[PDB]
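Protein chains: 2
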Amino acid sequence: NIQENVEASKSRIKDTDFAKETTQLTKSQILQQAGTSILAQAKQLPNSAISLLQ
Amino acid sequence: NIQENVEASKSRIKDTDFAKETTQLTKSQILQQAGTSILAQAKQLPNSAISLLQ
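For the record, the sequence lines run as chains I and N. Just so you know, the entry's author numbering puts the end of the first sequence at 379, numbered straight through with nothing missing. Just so you know, the entry's author numbering puts the end of the second sequence at 379, numbered straight through with nothing missing.
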């Protein structure tokens, strides 16, 4: 019984809430994709204009 | 006569009344089957849920 309780507490502390972790994974994936898209846009938008006006 | 009485007492203390013991045996068999079923249900789905969450 004590081993059962100890393992339950250890899971409470150290184990991973796969629901929360998968949600975080998807959020991080979308954040990285948005960052890459923004970087791709802002690589050309604020530089190629200088060449264009000439 | 004394031996008859002592044998009756010894049977009371030691021998088993097959009704109670067979009832207990059937109850324990049912408990074992129920525990096996609950373990089988509690073995696959609780851990397989996270794989579908992936």
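Any given hint might turn out to be false.
Over the 10 Å line for every Cβ pair with chain I, so calculated as not near, a few chain N residues [what the hints assert, rightly or not]: (1) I327; (2) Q328; (3) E332; (4) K335; (5) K339; (6) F343; (7) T348; (8) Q349; (9) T351; (10) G360; (11) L364; (12) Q366; (13) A367; (14) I375; (15) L378; (16) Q379.
Cβ-to-Cβ under 10 Å is the rule here; a few derived chain I residues that face chain N [what the hints assert, rightly or not]: (17) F343; (18) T347; (19) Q349; (20) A374.
Since the hints were made in silico from the structure, they are not lab data. Built from N, CA and C at the ideal position, the CB exists for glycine as well.
Taking the hints in turn, this is what the structure says about them:
{"no.": "1", "hint": "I327", "result": "holds, 49 Å"}
{"no.": "2", "hint": "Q328", "result": "holds, 48 Å"}
{"no.": "3", "hint": "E332", "result": "holds, 43 Å"}
{"no.": "4", "hint": "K335", "result": "holds, 38 Å"}
{"no.": "5", "hint": "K339", "result": "holds, 33 Å"}
{"no.": "6", "hint": "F343", "result": "holds, 33 Å"}
{"no.": "7", "hint": "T348", "result": "holds, 27 Å"}
{"no.": "8", "hint": "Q349", "result": "holds, 23 Å"}
{"no.": "9", "hint": "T351", "result": "holds, 27 Å"}
{"no.": "10", "hint": "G360", "result": "holds, 15 Å"}
{"no.": "11", "hint": "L364", "result": "holds, 14 Å"}
{"no.": "12", "hint": "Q366", "result": "holds, 18 Å"}
{"no.": "13", "hint": "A367", "result": "holds, 13 Å"}
{"no.": "14", "hint": "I375", "result": "violated, 4 Å"}
{"no.": "15", "hint": "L378", "result": "violated, 5 Å"}
{"no.": "16", "hint": "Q379", "result": "violated, 7 Å"}
{"no.": "17", "hint": "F343", "result": "holds, 4 Å"}
{"no.": "18", "hint": "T347", "result": "holds, 5 Å"}
{"no.": "19", "hint": "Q349", "result": "violated, 12 Å"}
{"no.": "20", "hint": "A374", "result": "violated, 44 Å"}
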